[PDB]
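First, one chain by itself: the form solved without the ligand, in C-alpha coordinates.
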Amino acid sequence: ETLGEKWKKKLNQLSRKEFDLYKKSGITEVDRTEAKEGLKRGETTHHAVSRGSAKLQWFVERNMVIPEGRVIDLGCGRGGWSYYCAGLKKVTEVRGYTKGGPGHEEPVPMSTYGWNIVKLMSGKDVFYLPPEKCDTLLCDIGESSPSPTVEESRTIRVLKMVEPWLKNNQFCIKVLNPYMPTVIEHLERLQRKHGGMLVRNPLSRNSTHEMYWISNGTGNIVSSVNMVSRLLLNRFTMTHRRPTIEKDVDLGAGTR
(Lines of atoms letter the chains of each structure in order from A and count residues from 1; the text may use other names and numbers.)
(Lines give C-alpha, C1' and ligand atoms only; values in the text may rest on other atoms or scores of the structure.)
Protein backbone atom coordinates (compact mmCIF):
# COMPACT_ATOMS: atom_id res chain seq x y z
CA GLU A 1 0.00 0.00 0.00
CA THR A 2 1.45 3.38 -1.18
CA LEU A 3 1.36 6.69 0.81
CA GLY A 4 -1.12 8.06 -1.78
CA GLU A 5 -3.50 5.13 -1.09
CA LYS A 6 -3.37 5.94 2.69
CA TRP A 7 -4.13 9.60 1.77
CA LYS A 8 -7.13 8.40 -0.39
CA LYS A 9 -8.56 6.22 2.49
CA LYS A 10 -8.30 9.20 4.85
CA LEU A 11 -9.96 11.60 2.33
CA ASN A 12 -12.83 9.13 1.82
CA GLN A 13 -13.42 9.07 5.66
CA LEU A 14 -14.01 12.84 5.93
CA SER A 15 -17.50 14.28 6.41
CA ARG A 16 -18.61 16.85 3.77
CA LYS A 17 -17.87 19.58 6.39
CA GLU A 18 -14.31 18.25 6.98
CA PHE A 19 -13.75 17.68 3.22
CA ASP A 20 -14.78 21.26 2.28
CA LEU A 21 -12.34 22.68 4.85
CA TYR A 22 -9.57 20.26 3.93
CA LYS A 23 -9.76 20.74 0.13
CA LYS A 24 -8.44 24.34 0.11
CA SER A 25 -6.19 24.25 3.20
CA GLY A 26 -2.89 26.02 2.47
CA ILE A 27 -3.47 25.99 -1.33
CA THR A 28 -3.20 28.93 -3.79
CA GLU A 29 -6.29 30.17 -5.56
CA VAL A 30 -7.16 32.98 -7.95
CA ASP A 31 -9.93 35.43 -7.05
CA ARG A 32 -12.70 34.70 -9.61
CA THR A 33 -15.19 37.35 -8.28
CA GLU A 34 -14.62 39.85 -11.12
CA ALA A 35 -14.62 37.26 -13.91
CA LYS A 36 -17.79 35.46 -12.65
CA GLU A 37 -19.73 38.78 -12.57
CA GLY A 38 -18.32 39.77 -16.00
CA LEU A 39 -19.13 36.40 -17.62
CA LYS A 40 -22.65 36.45 -16.02
CA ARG A 41 -23.16 39.80 -17.87
CA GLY A 42 -21.93 38.33 -21.19
CA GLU A 43 -18.56 40.13 -21.45
CA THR A 44 -16.15 38.46 -23.98
CA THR A 45 -12.89 40.36 -23.43
CA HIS A 46 -10.29 40.17 -20.57
CA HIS A 47 -11.98 37.38 -18.46
CA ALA A 48 -10.73 33.82 -18.31
CA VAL A 49 -13.59 31.38 -18.75
CA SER A 50 -12.50 29.25 -15.75
CA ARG A 51 -9.73 28.83 -13.20
CA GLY A 52 -7.92 26.76 -15.89
CA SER A 53 -6.23 29.74 -17.56
CA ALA A 54 -4.43 30.71 -14.35
CA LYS A 55 -3.65 26.98 -13.61
CA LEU A 56 -1.86 26.52 -17.05
CA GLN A 57 -0.26 29.95 -16.73
CA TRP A 58 1.56 28.79 -13.55
CA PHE A 59 3.46 26.15 -15.58
CA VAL A 60 4.05 28.40 -18.66
CA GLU A 61 5.51 31.33 -16.63
CA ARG A 62 7.93 28.82 -15.03
CA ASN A 63 8.91 27.49 -18.57
CA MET A 64 7.79 23.92 -17.66
CA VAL A 65 5.78 23.92 -20.87
CA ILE A 66 6.42 26.50 -23.59
CA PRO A 67 3.48 26.61 -25.96
CA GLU A 68 4.47 26.92 -29.64
CA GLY A 69 3.13 26.44 -33.18
CA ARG A 70 0.01 24.31 -33.48
CA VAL A 71 -1.30 23.72 -29.94
CA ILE A 72 -3.80 20.82 -29.37
CA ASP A 73 -5.97 21.11 -26.22
CA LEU A 74 -7.56 17.71 -25.41
CA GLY A 75 -10.65 17.95 -23.16
CA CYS A 76 -10.78 21.77 -23.51
CA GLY A 77 -14.08 22.16 -21.69
CA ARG A 78 -14.94 25.89 -21.57
CA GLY A 79 -11.59 26.59 -23.30
CA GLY A 80 -9.48 28.08 -20.43
CA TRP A 81 -6.21 26.57 -21.56
CA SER A 82 -6.99 27.29 -25.24
CA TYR A 83 -7.73 30.97 -24.70
CA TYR A 84 -4.64 31.43 -22.56
CA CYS A 85 -2.28 29.82 -25.20
CA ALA A 86 -3.89 31.93 -27.96
CA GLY A 87 -2.19 35.06 -26.56
CA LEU A 88 1.32 33.57 -26.40
CA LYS A 89 3.73 34.93 -29.12
CA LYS A 90 5.23 31.52 -30.19
CA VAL A 91 1.68 30.06 -30.68
CA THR A 92 0.25 30.11 -34.24
CA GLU A 93 -2.85 27.84 -33.93
CA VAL A 94 -5.00 26.37 -31.06
CA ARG A 95 -7.34 23.36 -31.62
CA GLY A 96 -9.57 22.35 -28.71
CA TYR A 97 -11.61 19.13 -28.54
CA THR A 98 -14.12 18.35 -25.77
CA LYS A 99 -17.00 15.93 -25.31
CA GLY A 100 -19.53 18.41 -23.83
CA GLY A 101 -23.17 17.54 -23.20
CA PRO A 102 -24.63 16.08 -19.97
CA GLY A 103 -22.24 16.11 -16.99
CA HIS A 104 -19.52 17.90 -19.12
CA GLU A 105 -18.58 21.52 -19.85
CA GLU A 106 -19.43 23.24 -23.15
CA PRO A 107 -16.86 25.61 -24.89
CA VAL A 108 -17.52 29.32 -24.13
CA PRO A 109 -17.02 31.71 -27.12
CA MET A 110 -14.64 34.61 -26.27
CA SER A 111 -13.00 37.60 -27.95
CA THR A 112 -9.84 37.57 -25.74
CA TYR A 113 -6.39 38.37 -27.22
CA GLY A 114 -5.73 35.88 -30.09
CA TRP A 115 -9.27 34.38 -30.29
CA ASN A 116 -8.86 34.22 -34.15
CA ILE A 117 -6.26 31.40 -33.97
CA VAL A 118 -8.69 29.31 -31.75
CA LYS A 119 -11.08 26.49 -32.78
CA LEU A 120 -13.00 24.71 -29.99
CA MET A 121 -15.12 21.74 -31.00
CA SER A 122 -17.72 20.05 -28.75
CA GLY A 123 -19.25 16.56 -29.17
CA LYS A 124 -15.70 15.17 -29.48
CA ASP A 125 -14.74 12.17 -27.34
CA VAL A 126 -10.90 12.42 -27.46
CA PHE A 127 -10.64 8.65 -26.81
CA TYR A 128 -11.94 8.13 -30.42
CA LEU A 129 -9.95 10.93 -32.14
CA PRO A 130 -7.07 9.98 -34.47
CA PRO A 131 -3.83 11.88 -33.65
CA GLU A 132 -3.00 15.17 -35.47
CA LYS A 133 0.27 16.98 -36.18
CA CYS A 134 1.03 19.57 -33.44
CA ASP A 135 3.95 21.38 -31.77
CA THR A 136 2.33 21.49 -28.30
CA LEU A 137 0.06 18.81 -26.80
CA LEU A 138 -2.09 19.75 -23.79
CA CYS A 139 -4.46 17.50 -21.87
CA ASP A 140 -6.30 18.19 -18.56
CA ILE A 141 -8.51 15.02 -18.63
CA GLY A 142 -9.13 12.92 -15.53
CA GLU A 143 -12.34 12.73 -13.54
CA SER A 144 -12.02 11.99 -9.83
CA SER A 145 -13.56 8.93 -8.19
CA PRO A 146 -13.63 7.79 -4.52
CA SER A 147 -12.20 4.53 -5.94
CA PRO A 148 -8.42 4.82 -6.63
CA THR A 149 -8.67 1.69 -8.90
CA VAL A 150 -11.26 3.51 -11.07
CA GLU A 151 -8.86 6.51 -11.11
CA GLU A 152 -5.93 4.28 -11.98
CA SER A 153 -7.85 2.98 -15.04
CA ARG A 154 -8.83 6.58 -16.04
CA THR A 155 -5.19 7.78 -15.68
CA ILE A 156 -3.79 4.85 -17.78
CA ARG A 157 -6.51 5.54 -20.48
CA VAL A 158 -5.29 9.19 -20.66
CA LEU A 159 -1.58 8.11 -20.80
CA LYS A 160 -2.28 5.57 -23.61
CA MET A 161 -4.43 8.13 -25.54
CA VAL A 162 -1.88 11.03 -25.38
CA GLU A 163 1.18 8.99 -26.44
CA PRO A 164 0.50 8.88 -30.31
CA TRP A 165 0.12 12.71 -30.17
CA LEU A 166 3.71 13.00 -28.73
CA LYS A 167 6.37 13.59 -31.42
CA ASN A 168 9.21 15.63 -29.85
CA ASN A 169 6.66 18.34 -28.94
CA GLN A 170 6.00 20.51 -25.90
CA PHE A 171 3.44 19.01 -23.58
CA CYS A 172 1.46 19.42 -20.32
CA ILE A 173 -0.66 16.34 -19.39
CA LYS A 174 -2.64 15.92 -16.23
CA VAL A 175 -2.00 12.65 -14.39
CA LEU A 176 -5.14 12.29 -12.20
CA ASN A 177 -3.80 9.46 -10.00
CA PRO A 178 0.04 9.34 -10.18
CA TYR A 179 0.57 7.17 -7.01
CA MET A 180 -0.85 3.75 -8.14
CA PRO A 181 2.06 1.34 -8.92
CA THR A 182 0.87 0.54 -12.53
CA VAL A 183 0.58 4.28 -13.32
CA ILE A 184 4.19 4.80 -12.02
CA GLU A 185 5.38 1.99 -14.45
CA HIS A 186 3.69 3.79 -17.40
CA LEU A 187 5.08 7.26 -16.36
CA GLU A 188 8.62 5.83 -16.07
CA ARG A 189 8.34 4.16 -19.56
CA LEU A 190 6.91 7.44 -20.98
CA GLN A 191 9.64 9.62 -19.34
CA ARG A 192 12.45 7.29 -20.70
CA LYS A 193 11.00 7.86 -24.22
CA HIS A 194 9.63 11.44 -24.16
CA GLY A 195 11.50 12.92 -21.15
CA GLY A 196 9.84 15.58 -19.00
CA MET A 197 8.92 15.47 -15.32
CA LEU A 198 5.89 15.28 -12.97
CA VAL A 199 5.01 18.58 -11.22
CA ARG A 200 2.46 19.44 -8.50
CA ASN A 201 0.66 22.73 -9.27
CA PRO A 202 0.02 24.91 -6.11
CA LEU A 203 -3.39 25.87 -7.54
CA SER A 204 -4.50 22.17 -7.29
CA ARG A 205 -6.88 21.37 -4.40
CA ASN A 206 -5.81 18.95 -1.64
CA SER A 207 -8.87 16.80 -2.60
CA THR A 208 -6.91 15.54 -5.66
CA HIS A 209 -3.42 14.02 -5.92
CA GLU A 210 -3.16 15.12 -9.59
CA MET A 211 0.26 16.07 -10.96
CA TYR A 212 1.19 17.28 -14.38
CA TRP A 213 3.64 15.58 -16.76
CA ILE A 214 5.43 18.57 -18.34
CA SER A 215 7.98 18.38 -21.18
CA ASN A 216 10.68 20.82 -19.94
CA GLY A 217 12.23 19.28 -16.87
CA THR A 218 13.89 16.16 -15.36
CA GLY A 219 13.65 14.29 -12.05
CA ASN A 220 12.65 11.24 -10.05
CA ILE A 221 8.91 10.53 -10.61
CA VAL A 222 8.67 8.27 -7.48
CA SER A 223 10.21 10.96 -5.16
CA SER A 224 8.01 13.77 -6.56
CA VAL A 225 4.87 11.53 -6.10
CA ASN A 226 5.76 10.57 -2.53
CA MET A 227 6.53 14.27 -1.71
CA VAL A 228 2.96 15.17 -2.71
CA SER A 229 1.49 12.21 -0.69
CA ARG A 230 3.41 13.39 2.42
CA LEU A 231 2.33 17.04 1.78
CA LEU A 232 -1.32 16.04 1.47
CA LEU A 233 -1.21 13.72 4.48
CA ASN A 234 0.31 16.54 6.61
CA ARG A 235 -2.60 18.85 5.57
CA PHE A 236 -5.17 16.64 7.40
CA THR A 237 -3.31 17.17 10.76
CA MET A 238 -3.88 20.89 11.31
CA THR A 239 -6.95 23.24 11.36
CA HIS A 240 -7.88 24.81 7.96
CA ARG A 241 -5.13 27.18 6.70
CA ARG A 242 -6.88 29.74 4.50
CA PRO A 243 -5.65 29.64 0.87
CA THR A 244 -3.27 32.22 -0.60
CA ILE A 245 -5.51 34.42 -2.79
CA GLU A 246 -3.89 35.66 -6.02
CA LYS A 247 -5.03 37.87 -8.92
CA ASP A 248 -6.80 36.13 -11.79
CA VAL A 249 -5.48 36.55 -15.34
CA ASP A 250 -6.38 39.30 -17.78
CA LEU A 251 -6.47 37.75 -21.25
CA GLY A 252 -7.03 41.10 -22.99
CA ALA A 253 -8.73 41.56 -26.37
CA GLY A 254 -8.17 41.69 -30.13
CA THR A 255 -6.83 39.57 -33.01
CA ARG A 256 -3.28 38.32 -33.53
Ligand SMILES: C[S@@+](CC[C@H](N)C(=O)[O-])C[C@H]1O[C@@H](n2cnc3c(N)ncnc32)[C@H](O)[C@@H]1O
Contents of the next structure:
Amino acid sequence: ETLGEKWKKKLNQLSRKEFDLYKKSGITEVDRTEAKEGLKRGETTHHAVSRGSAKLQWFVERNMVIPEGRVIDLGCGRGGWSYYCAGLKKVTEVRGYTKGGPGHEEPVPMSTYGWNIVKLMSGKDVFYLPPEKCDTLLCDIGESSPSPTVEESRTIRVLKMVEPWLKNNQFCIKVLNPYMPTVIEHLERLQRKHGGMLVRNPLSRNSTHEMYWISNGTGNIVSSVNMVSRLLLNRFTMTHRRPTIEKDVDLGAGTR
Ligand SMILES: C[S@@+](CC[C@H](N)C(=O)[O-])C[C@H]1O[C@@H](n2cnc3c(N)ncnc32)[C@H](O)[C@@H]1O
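So that was the form solved without the ligand. Now I'd like the form solved in complex with the ligand, please.
Then the entire complex follows, led off by the chain already shown.
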Protein backbone atom coordinates (compact mmCIF):
# COMPACT_ATOMS: atom_id res chain seq x y z
CA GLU A 1 0.00 0.00 0.00
CA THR A 2 1.47 3.27 -1.22
CA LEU A 3 1.65 6.52 0.75
CA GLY A 4 -0.85 7.83 -1.82
CA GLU A 5 -3.34 5.07 -1.12
CA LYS A 6 -3.19 5.89 2.62
CA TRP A 7 -3.90 9.56 1.85
CA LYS A 8 -6.84 8.43 -0.21
CA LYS A 9 -8.24 6.32 2.59
CA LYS A 10 -8.11 9.28 4.92
CA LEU A 11 -9.63 11.71 2.41
CA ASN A 12 -12.57 9.36 1.91
CA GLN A 13 -13.13 9.15 5.74
CA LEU A 14 -13.61 12.95 6.06
CA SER A 15 -16.99 14.51 6.76
CA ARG A 16 -18.05 17.12 4.21
CA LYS A 17 -17.20 19.84 6.76
CA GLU A 18 -13.68 18.44 7.30
CA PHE A 19 -13.26 17.87 3.55
CA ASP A 20 -14.15 21.50 2.72
CA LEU A 21 -11.60 22.77 5.23
CA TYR A 22 -8.94 20.29 4.21
CA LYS A 23 -9.15 20.86 0.45
CA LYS A 24 -7.71 24.41 0.48
CA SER A 25 -5.52 24.15 3.63
CA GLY A 26 -2.15 25.74 2.86
CA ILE A 27 -2.66 25.80 -0.94
CA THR A 28 -2.23 28.76 -3.28
CA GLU A 29 -5.27 30.13 -5.09
CA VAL A 30 -6.06 33.09 -7.31
CA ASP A 31 -8.73 35.57 -6.34
CA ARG A 32 -11.54 34.91 -8.85
CA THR A 33 -13.93 37.58 -7.43
CA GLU A 34 -13.45 40.17 -10.20
CA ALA A 35 -13.47 37.60 -13.03
CA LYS A 36 -16.64 35.87 -11.81
CA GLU A 37 -18.46 39.22 -11.47
CA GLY A 38 -17.31 40.23 -14.98
CA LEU A 39 -18.24 36.86 -16.52
CA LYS A 40 -21.65 37.10 -14.80
CA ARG A 41 -22.14 40.33 -16.85
CA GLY A 42 -21.06 38.90 -20.22
CA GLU A 43 -17.66 40.58 -20.43
CA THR A 44 -15.37 39.03 -23.09
CA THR A 45 -12.05 40.77 -22.47
CA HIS A 46 -9.42 40.55 -19.68
CA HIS A 47 -11.08 37.76 -17.64
CA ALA A 48 -9.90 34.17 -17.58
CA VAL A 49 -12.87 31.87 -18.01
CA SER A 50 -11.62 29.47 -15.29
CA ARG A 51 -8.89 29.01 -12.67
CA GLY A 52 -7.11 26.99 -15.41
CA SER A 53 -5.46 30.00 -17.05
CA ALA A 54 -3.58 30.82 -13.84
CA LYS A 55 -2.77 27.08 -13.32
CA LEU A 56 -1.14 26.67 -16.73
CA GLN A 57 0.54 30.09 -16.37
CA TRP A 58 2.34 28.76 -13.28
CA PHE A 59 4.06 26.08 -15.42
CA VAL A 60 4.72 28.36 -18.40
CA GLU A 61 6.27 31.15 -16.33
CA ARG A 62 8.72 28.57 -14.92
CA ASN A 63 9.62 27.26 -18.42
CA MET A 64 8.36 23.77 -17.57
CA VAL A 65 6.33 23.83 -20.75
CA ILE A 66 6.91 26.51 -23.36
CA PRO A 67 3.92 26.66 -25.75
CA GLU A 68 4.91 27.18 -29.37
CA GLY A 69 3.49 26.66 -32.85
CA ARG A 70 0.29 24.71 -33.11
CA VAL A 71 -1.05 24.00 -29.65
CA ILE A 72 -3.57 21.15 -29.01
CA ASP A 73 -5.59 21.53 -25.78
CA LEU A 74 -7.26 18.14 -24.93
CA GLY A 75 -10.36 18.55 -22.55
CA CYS A 76 -10.44 22.29 -22.90
CA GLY A 77 -13.64 22.72 -20.92
CA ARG A 78 -14.45 26.44 -20.76
CA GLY A 79 -11.08 27.14 -22.43
CA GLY A 80 -8.74 28.48 -19.69
CA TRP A 81 -5.62 26.82 -21.09
CA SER A 82 -6.46 27.77 -24.69
CA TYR A 83 -7.13 31.44 -24.08
CA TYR A 84 -3.94 31.68 -22.00
CA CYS A 85 -1.76 30.04 -24.69
CA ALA A 86 -3.38 32.29 -27.31
CA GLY A 87 -1.47 35.29 -25.94
CA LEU A 88 2.00 33.70 -25.89
CA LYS A 89 4.43 35.05 -28.54
CA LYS A 90 5.67 31.68 -29.96
CA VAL A 91 2.13 30.25 -30.35
CA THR A 92 0.64 30.29 -33.87
CA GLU A 93 -2.54 28.24 -33.48
CA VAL A 94 -4.69 26.87 -30.62
CA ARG A 95 -7.06 23.92 -31.14
CA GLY A 96 -9.13 22.89 -28.08
CA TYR A 97 -11.34 19.78 -27.83
CA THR A 98 -13.77 18.92 -25.08
CA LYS A 99 -16.70 16.58 -24.41
CA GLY A 100 -19.33 19.12 -23.31
CA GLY A 101 -22.96 18.05 -22.91
CA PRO A 102 -24.40 16.95 -19.56
CA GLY A 103 -21.37 16.54 -17.53
CA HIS A 104 -19.19 18.62 -18.82
CA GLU A 105 -18.33 22.28 -19.27
CA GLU A 106 -18.92 23.98 -22.63
CA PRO A 107 -16.35 26.27 -24.23
CA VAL A 108 -16.88 29.94 -23.42
CA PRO A 109 -16.29 32.35 -26.34
CA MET A 110 -13.92 35.21 -25.47
CA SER A 111 -12.09 38.05 -27.19
CA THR A 112 -9.03 38.09 -24.93
CA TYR A 113 -5.62 38.67 -26.62
CA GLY A 114 -4.98 36.20 -29.48
CA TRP A 115 -8.52 34.82 -29.57
CA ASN A 116 -8.26 34.71 -33.38
CA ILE A 117 -5.82 31.78 -33.39
CA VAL A 118 -8.21 29.79 -31.10
CA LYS A 119 -10.81 27.20 -32.13
CA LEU A 120 -12.60 25.37 -29.30
CA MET A 121 -14.67 22.33 -30.27
CA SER A 122 -17.25 20.67 -28.00
CA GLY A 123 -18.94 17.26 -28.55
CA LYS A 124 -15.49 15.75 -28.86
CA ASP A 125 -14.46 12.69 -26.87
CA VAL A 126 -10.66 12.62 -27.22
CA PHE A 127 -10.54 8.82 -26.78
CA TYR A 128 -11.99 8.62 -30.30
CA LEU A 129 -9.86 11.37 -31.89
CA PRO A 130 -7.06 10.51 -34.29
CA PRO A 131 -3.77 12.34 -33.47
CA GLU A 132 -3.01 15.63 -35.26
CA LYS A 133 0.30 17.37 -36.04
CA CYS A 134 1.09 19.84 -33.27
CA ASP A 135 4.10 21.53 -31.69
CA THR A 136 2.61 21.62 -28.17
CA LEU A 137 0.27 19.06 -26.66
CA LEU A 138 -1.70 19.99 -23.55
CA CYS A 139 -4.09 17.67 -21.74
CA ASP A 140 -6.05 18.42 -18.54
CA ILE A 141 -8.27 15.33 -18.47
CA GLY A 142 -8.83 13.13 -15.44
CA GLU A 143 -12.00 12.93 -13.36
CA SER A 144 -11.55 12.27 -9.61
CA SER A 145 -13.26 9.27 -8.04
CA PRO A 146 -13.43 7.96 -4.46
CA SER A 147 -12.05 4.75 -5.99
CA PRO A 148 -8.25 4.88 -6.61
CA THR A 149 -8.64 1.83 -8.91
CA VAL A 150 -11.11 3.79 -11.07
CA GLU A 151 -8.66 6.69 -11.05
CA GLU A 152 -5.78 4.35 -12.00
CA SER A 153 -7.79 3.20 -15.04
CA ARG A 154 -8.66 6.81 -16.04
CA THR A 155 -5.00 7.89 -15.64
CA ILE A 156 -3.52 4.98 -17.64
CA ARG A 157 -6.13 5.54 -20.37
CA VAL A 158 -5.11 9.22 -20.64
CA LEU A 159 -1.40 8.30 -20.76
CA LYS A 160 -1.99 5.78 -23.56
CA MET A 161 -4.22 8.24 -25.44
CA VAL A 162 -1.76 11.14 -25.45
CA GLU A 163 1.33 9.19 -26.53
CA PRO A 164 0.67 9.36 -30.34
CA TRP A 165 0.20 13.14 -30.07
CA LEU A 166 3.77 13.45 -28.62
CA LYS A 167 6.07 14.10 -31.55
CA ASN A 168 9.19 15.46 -29.92
CA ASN A 169 6.94 18.38 -28.91
CA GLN A 170 6.38 20.55 -25.84
CA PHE A 171 3.80 19.05 -23.50
CA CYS A 172 1.88 19.39 -20.21
CA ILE A 173 -0.39 16.49 -19.28
CA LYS A 174 -2.43 16.00 -16.15
CA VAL A 175 -1.73 12.75 -14.26
CA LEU A 176 -4.83 12.36 -12.12
CA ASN A 177 -3.52 9.56 -9.95
CA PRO A 178 0.28 9.36 -10.12
CA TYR A 179 0.74 7.10 -7.04
CA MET A 180 -0.71 3.77 -8.10
CA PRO A 181 2.18 1.35 -8.93
CA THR A 182 0.93 0.55 -12.47
CA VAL A 183 0.74 4.27 -13.28
CA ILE A 184 4.33 4.77 -12.07
CA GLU A 185 5.44 1.96 -14.45
CA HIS A 186 3.81 3.72 -17.43
CA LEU A 187 5.21 7.10 -16.35
CA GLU A 188 8.72 5.65 -16.07
CA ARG A 189 8.46 4.10 -19.57
CA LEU A 190 7.14 7.36 -21.03
CA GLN A 191 9.83 9.47 -19.32
CA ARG A 192 12.53 7.14 -20.74
CA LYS A 193 11.06 7.66 -24.22
CA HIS A 194 9.90 11.30 -24.21
CA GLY A 195 11.72 12.77 -21.16
CA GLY A 196 10.23 15.57 -19.04
CA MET A 197 9.26 15.34 -15.38
CA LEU A 198 6.25 15.09 -13.01
CA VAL A 199 5.47 18.32 -11.10
CA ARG A 200 2.99 19.29 -8.38
CA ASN A 201 1.26 22.63 -9.02
CA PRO A 202 0.79 24.70 -5.82
CA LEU A 203 -2.63 25.83 -7.12
CA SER A 204 -3.90 22.21 -7.00
CA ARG A 205 -6.32 21.50 -4.14
CA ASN A 206 -5.37 19.02 -1.41
CA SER A 207 -8.41 16.97 -2.45
CA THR A 208 -6.52 15.69 -5.51
CA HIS A 209 -3.11 14.04 -5.84
CA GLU A 210 -2.85 15.27 -9.49
CA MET A 211 0.60 16.08 -10.86
CA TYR A 212 1.52 17.27 -14.34
CA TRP A 213 3.91 15.59 -16.72
CA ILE A 214 5.70 18.54 -18.31
CA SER A 215 8.30 18.36 -21.11
CA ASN A 216 11.07 20.64 -19.78
CA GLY A 217 12.52 19.06 -16.69
CA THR A 218 14.12 15.99 -15.32
CA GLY A 219 14.03 14.06 -12.02
CA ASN A 220 12.98 10.96 -10.15
CA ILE A 221 9.25 10.36 -10.61
CA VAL A 222 8.80 8.02 -7.62
CA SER A 223 10.55 10.56 -5.31
CA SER A 224 8.36 13.45 -6.59
CA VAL A 225 5.17 11.42 -6.05
CA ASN A 226 6.07 10.33 -2.53
CA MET A 227 6.95 13.97 -1.68
CA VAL A 228 3.40 14.92 -2.65
CA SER A 229 1.86 12.02 -0.68
CA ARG A 230 3.81 13.15 2.45
CA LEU A 231 2.74 16.78 1.89
CA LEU A 232 -0.96 15.88 1.56
CA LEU A 233 -0.86 13.51 4.55
CA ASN A 234 0.84 16.18 6.68
CA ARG A 235 -1.99 18.61 5.78
CA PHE A 236 -4.47 16.32 7.58
CA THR A 237 -2.66 16.92 10.91
CA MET A 238 -3.23 20.61 11.56
CA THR A 239 -6.00 23.19 11.78
CA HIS A 240 -6.96 24.65 8.35
CA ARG A 241 -4.25 27.00 7.06
CA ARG A 242 -5.93 29.66 4.94
CA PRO A 243 -4.71 29.55 1.33
CA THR A 244 -2.10 31.91 -0.06
CA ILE A 245 -4.15 34.32 -2.17
CA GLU A 246 -2.68 35.66 -5.43
CA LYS A 247 -3.88 37.90 -8.25
CA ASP A 248 -5.76 36.28 -11.14
CA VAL A 249 -4.42 36.62 -14.72
CA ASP A 250 -5.40 39.45 -17.05
CA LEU A 251 -5.64 37.97 -20.50
CA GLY A 252 -5.99 41.05 -22.84
CA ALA A 253 -7.89 42.17 -25.58
CA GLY A 254 -7.13 42.23 -29.35
CA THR A 255 -5.94 40.04 -32.26
CA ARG A 256 -2.52 38.49 -32.89
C1 LIG B 1 -10.04 19.93 -15.52
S2 LIG B 1 -11.13 20.34 -16.91
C3 LIG B 1 -10.08 21.41 -17.92
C4 LIG B 1 -10.05 22.86 -17.43
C5 LIG B 1 -9.34 23.69 -18.51
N6 LIG B 1 -7.91 23.26 -18.57
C7 LIG B 1 -9.47 25.18 -18.25
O8 LIG B 1 -8.43 25.86 -18.17
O9 LIG B 1 -10.56 25.74 -18.15
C10 LIG B 1 -11.11 18.81 -17.87
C11 LIG B 1 -12.13 18.90 -18.99
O12 LIG B 1 -12.00 17.68 -19.66
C13 LIG B 1 -13.27 17.35 -20.20
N14 LIG B 1 -13.26 15.93 -20.52
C15 LIG B 1 -13.31 14.85 -19.65
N16 LIG B 1 -13.25 13.71 -20.39
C17 LIG B 1 -13.12 14.04 -21.70
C18 LIG B 1 -13.01 13.26 -22.88
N19 LIG B 1 -13.00 11.92 -22.84
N20 LIG B 1 -12.89 13.92 -24.09
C21 LIG B 1 -12.87 15.30 -24.15
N22 LIG B 1 -13.00 16.06 -23.00
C23 LIG B 1 -13.11 15.43 -21.79
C24 LIG B 1 -14.25 17.74 -19.09
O25 LIG B 1 -15.55 17.97 -19.57
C26 LIG B 1 -13.60 19.00 -18.54
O27 LIG B 1 -14.21 20.14 -19.12
